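Visitor: Let's have the full structure, built from the sequences with the hints guiding it.
Protein chains: 4
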Amino acid sequence: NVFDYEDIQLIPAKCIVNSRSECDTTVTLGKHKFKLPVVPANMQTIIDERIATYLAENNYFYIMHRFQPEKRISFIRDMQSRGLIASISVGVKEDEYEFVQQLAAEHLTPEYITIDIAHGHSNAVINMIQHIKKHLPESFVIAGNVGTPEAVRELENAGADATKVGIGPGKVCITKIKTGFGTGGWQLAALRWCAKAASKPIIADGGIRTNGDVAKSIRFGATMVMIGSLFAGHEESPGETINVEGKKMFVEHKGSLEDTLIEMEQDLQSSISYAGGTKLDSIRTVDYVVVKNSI
Amino acid sequence: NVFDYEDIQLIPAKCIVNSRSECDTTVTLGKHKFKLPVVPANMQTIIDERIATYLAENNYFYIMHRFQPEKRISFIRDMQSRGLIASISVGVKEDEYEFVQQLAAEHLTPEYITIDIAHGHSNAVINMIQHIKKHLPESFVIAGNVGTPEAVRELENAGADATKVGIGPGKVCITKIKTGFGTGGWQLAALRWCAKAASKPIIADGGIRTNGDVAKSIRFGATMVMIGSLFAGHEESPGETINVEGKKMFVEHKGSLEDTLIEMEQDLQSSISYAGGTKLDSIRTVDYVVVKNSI
Amino acid sequence: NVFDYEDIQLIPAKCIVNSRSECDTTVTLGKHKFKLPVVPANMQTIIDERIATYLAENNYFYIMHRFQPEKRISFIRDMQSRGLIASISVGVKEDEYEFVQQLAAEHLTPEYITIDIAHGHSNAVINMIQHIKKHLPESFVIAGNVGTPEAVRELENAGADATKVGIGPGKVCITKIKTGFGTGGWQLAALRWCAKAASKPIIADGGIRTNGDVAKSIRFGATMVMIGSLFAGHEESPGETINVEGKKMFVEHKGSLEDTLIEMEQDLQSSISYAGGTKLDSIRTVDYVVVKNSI
Amino acid sequence: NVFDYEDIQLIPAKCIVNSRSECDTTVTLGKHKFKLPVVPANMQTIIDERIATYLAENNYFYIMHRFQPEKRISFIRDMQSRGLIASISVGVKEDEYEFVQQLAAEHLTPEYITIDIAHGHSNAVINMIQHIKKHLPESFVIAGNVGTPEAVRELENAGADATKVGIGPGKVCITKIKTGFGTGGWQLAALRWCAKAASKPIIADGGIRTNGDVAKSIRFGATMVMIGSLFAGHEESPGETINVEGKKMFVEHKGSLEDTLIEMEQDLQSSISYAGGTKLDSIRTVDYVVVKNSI
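Chains as they are written, first to last, in the deposited numbering: chain A, 3 to 244, 268 to 320; chain F, 3 to 244, 268 to 320; chain U, 3 to 244, 268 to 320; chain E, 3 to 244, 268 to 320.
Since the hints were made in silico from the structure, they are not lab data.
Among the hints, erroneous ones may be present.
What the hints assert, rightly or not - In the DSS-like style, the derived pairs of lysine-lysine whose C-alpha atoms are separated by at most 25 Å in a straight line are:
| hint | chain 1 | residue 1 | chain 2 | residue 2 |
| --- | --- | --- | --- | --- |
| 1 | A | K95 | E | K16 |
| 2 | F | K279 | U | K173 |
| 3 | A | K173 | E | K279 |
| 4 | U | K202 | F | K16 |
| 5 | U | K16 | E | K16 |
| 6 | U | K33 | F | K173 |
| 7 | E | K16 | A | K202 |
| 8 | F | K136 | A | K16 |
| 9 | F | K16 | U | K135 |
| 10 | E | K135 | U | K16 |
| 11 | F | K202 | A | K16 |
| 12 | A | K16 | F | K95 |
| 13 | U | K198 | U | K33 |
| 14 | U | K279 | E | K95 |
| 15 | F | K173 | A | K173 |
| 16 | F | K272 | F | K35 |
| 17 | A | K16 | A | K304 |
| 18 | F | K16 | U | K173 |
| 19 | A | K279 | F | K173 |
| 20 | A | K304 | F | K95 |
| 21 | F | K304 | A | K16 |
| 22 | U | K173 | E | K173 |
| 23 | E | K16 | A | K173 |
| 24 | E | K198 | E | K33 |
| 25 | U | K16 | E | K95 |
Guide: Printed below as a string of structure tokens:
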């Protein structure tokens, strides 16, 4: 009964809008509303401070990476002084306990904290959730990564306000190849399985290959969809651009992040049109089929 | 229980003809009889006025595109004055309401009108059917595109004389990739599903890769099969031809449309031979299997 | 429940021989015994008179093609005068009725006659069987091609001494692509299905890609296996050979037919070894599995 | 119900270690403990005397090949005099009966003897087990190769201390292609099937493509995993190395065997981490899924 993104087709329902433009693609996560149910991967190869500022300035969700952890206290302070959301990443080591205590003492509370660990179903993650909720009670805590309903439950019960689902979701990623474990090759069914157990929002993390996979993630129960590859290789992205005969970034060149986000929004409005609704939640009650040949 | 064209093999029955030439490939749609149960895609990259005249002059069904909508009233008038069928396309916008009223006033009635919309299960399409049937009662109305039995039913009930079935049927088309919705990758099973509900003729639209897929569409309940790629890239087709070392059209060169239609007819006679009959409907009662590896 | 050659693995049983050389690969068809349960395709691109003489001289089964039908009466006479089996092909047209009568009058009786028609489940084939059995009662009659158990039954009941099973068996052959009918992509399961109904020997025709597919055909109930591609492109084969940097025939070059037949025999002895027997029929009672990914 | 390595994903359990370094990857086979549950293929293209000495000196299991059988008595004597395990291969021919008797007479007892035959379910193998156990009772006897639970049972019952499972396990190996028999294309399910019957340790032989397949073999019941390709093409391996623009060995160049074994150990510690344990046996009780598209 297991499948992935490429195996699913959603079934259209009666169209009730006269134009895509009528369809509302917004979503709320905790106390804030955002333009789209998508978020760039919280990695230094995908996001940086300039991209995060663009995103927050235009009401798109972001989560900053923790590659330069010494910069996070200033990052928070600065975003919040421009009236922008501060959304950061933390780990679970002893120095991250101090970091959090530090924040509590300057009375900085980031709107969002993501605990970002490969194998996030652990007491290390559980204790960090409990520590964060003690010292920064107003922070919205996203915990992961997990791959099972028992894990989602345990993390929600520890106090997480959301969980991030995906354990080496790519079909040929390192985790899958080297360990034999994870959601690689069945990420969509894994998401469904985890979502059926969840009382709190889920961020679906990875395995996204097309804009249609965003609608599919919403059907099987995501609130936010975390995306790597589709956001990689924009002019704004980390790295260098390579007439000539067509650019490459570090593998091809996708142009402007802004155009990509607009197209994502348009494609998602089309999805809502086909779902027979006018808003994002309409995607959640469409029927679907599992196709025979998907590759 | 879902599959597509490549997964199906039809099972032969006792041959009762001494020659393919004995097999009748004709079909009727409304008040007219045609040579073959196939029709070119109603798009400007596939059909034009010269091709439509060839087709009507030789008793092949066609449906003209609406890319130059201002030419349709003259097109109708001219075909009908040469004793040829006029088969046109319309949309659902306010100006198409006027267009239809225009026709009613010059007492032009095209034999066939196709309402051609991407997501055709809509009140926009339902109201256009009702408008057409009021002002041009003698016009044979084909409505689409749809992908479900509830849609076929609703459109038939609104007054359509046929429906066109297929929602981004190609395995790697835009609709599938960008929205996650439609019949892409299971077009044959979608056709079967829709056909079981239908009281009126169905035009099966797209996913056709081989001439054998025409017989397969007939088995699972099509009356006409709408074809794009197989008709693309003929000398007569829109675009330009490119010794040398073998032509290309815009991707390869298939030669003469007339030879393609002859071969389609011969291949279809072979299908009837294998079906144990002498006419097209014999294909409808053959057994079939769903193969394991189809790619 | 349908599959093909690539989906099947046969399961080994306790080995009871000390050497492959102990295993007997012979088979009987009618009144004669042959070295191997394989036979080249009866086509002019695969067999000719020199190859047929080699085969008969060494107790391998052959069936000559009918591309030069005027030569068949002399071919029979000449083989039989060298004490060799005469095995020919016939069609079902009125002149083939005369041909047969001709034979009856010179009291030439070929040991084997193959009625070779694409869609062999027909009254044309049934009447030719009955005609042959009237005028040449001692001839062993192989009739085909068929693809169903009802067809095998009808042909056996008409008087055939064997049937040939396969209707466009190749995964990308003409019949499959152009008509949508036949055993293409499920030839092994088709063979099994037909074999369960049969009271007389079956020749399994086509879809053979490896020497292991010969054992597989035997398991699912063949007596002789007709092979095209594996016998194509030998030095002895029709066509022309193309240092240099390695030969081609018309697509690569396989060397000597004799070496190919020796290797086929050795590979088949290995199959019998793995089947836990010492003779060909041991392959018929092994267990098997249907694998998940076969391509 | 049949599958292979590529179809399986193991499901993570709650992580209980603070570091991979906490996880114990050791295994015992008979009277000795080794670093890893892996062993190089006992073939001259993979192992030699220098590699065997490295392995034994560092507490990795090895099994020497028998390509130069005249060297085995000296090999044993020499290893054992350096305080190293002697692990050799034997066949089942009459001269191997003498070889064994020879050993018994110089009172050389190798710690490990592997009876290495393609089709090892045979009385030839059964009698060699019984001969070995009579003349060298202290030798740990591994018998194979087998592919069924009845074979494992018969060999265990004859006196084998372990069995080696795999009959042409590779997807495109000779045995599969030429005979139609064996575990090729379903090696993991074959291992599971055989393991459920076994009272003694199993060595899983072949079909390993990734380090994650080691954990998968452990889940479905291996004690040691025999590996060919992943160990082929190291600087230390048999053959010759080919700036320049990147080395090849005989197909690419993998560098140092020592680095490969370290990485294998690290990857396997990660597997134990994901399995929710601290030792190898934790992998044995994880849940798993069978994915839809695996290629």
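Visitor: With reference to the structure, classify each hint as holding or not holding.
Guide: We went through each hint and held it up to the structure:
{"no.": "1", "hint": "A/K95 <-> E/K16", "in the structure": "holds, 18 Å"}
{"no.": "2", "hint": "F/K279 <-> U/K173", "in the structure": "holds, 23 Å"}
{"no.": "3", "hint": "A/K173 <-> E/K279", "in the structure": "holds, 23 Å"}
{"no.": "4", "hint": "U/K202 <-> F/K16", "in the structure": "holds, 20 Å"}
{"no.": "5", "hint": "U/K16 <-> E/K16", "in the structure": "violated, 44 Å"}
{"no.": "6", "hint": "U/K33 <-> F/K173", "in the structure": "violated, 54 Å"}
{"no.": "7", "hint": "E/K16 <-> A/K202", "in the structure": "holds, 20 Å"}
{"no.": "8", "hint": "F/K136 <-> A/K16", "in the structure": "holds, 24 Å"}
{"no.": "9", "hint": "F/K16 <-> U/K135", "in the structure": "holds, 22 Å"}
{"no.": "10", "hint": "E/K135 <-> U/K16", "in the structure": "holds, 22 Å"}
{"no.": "11", "hint": "F/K202 <-> A/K16", "in the structure": "holds, 20 Å"}
{"no.": "12", "hint": "A/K16 <-> F/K95", "in the structure": "holds, 18 Å"}
{"no.": "13", "hint": "U/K198 <-> U/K33", "in the structure": "holds, 23 Å"}
{"no.": "14", "hint": "U/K279 <-> E/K95", "in the structure": "violated, 35 Å"}
{"no.": "15", "hint": "F/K173 <-> A/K173", "in the structure": "holds, 20 Å"}
{"no.": "16", "hint": "F/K272 <-> F/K35", "in the structure": "violated, 36 Å"}
{"no.": "17", "hint": "A/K16 <-> A/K304", "in the structure": "holds, 14 Å"}
{"no.": "18", "hint": "F/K16 <-> U/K173", "in the structure": "holds, 23 Å"}
{"no.": "19", "hint": "A/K279 <-> F/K173", "in the structure": "holds, 23 Å"}
{"no.": "20", "hint": "A/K304 <-> F/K95", "in the structure": "holds, 23 Å"}
{"no.": "21", "hint": "F/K304 <-> A/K16", "in the structure": "violated, 37 Å"}
{"no.": "22", "hint": "U/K173 <-> E/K173", "in the structure": "holds, 20 Å"}
{"no.": "23", "hint": "E/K16 <-> A/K173", "in the structure": "holds, 23 Å"}
{"no.": "24", "hint": "E/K198 <-> E/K33", "in the structure": "holds, 23 Å"}
{"no.": "25", "hint": "U/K16 <-> E/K95", "in the structure": "holds, 18 Å"}
Violation of the numbered hints given earlier is confined to hints 5, 6, 14, 16 and 21; the remaining hints are satisfied by the structure.
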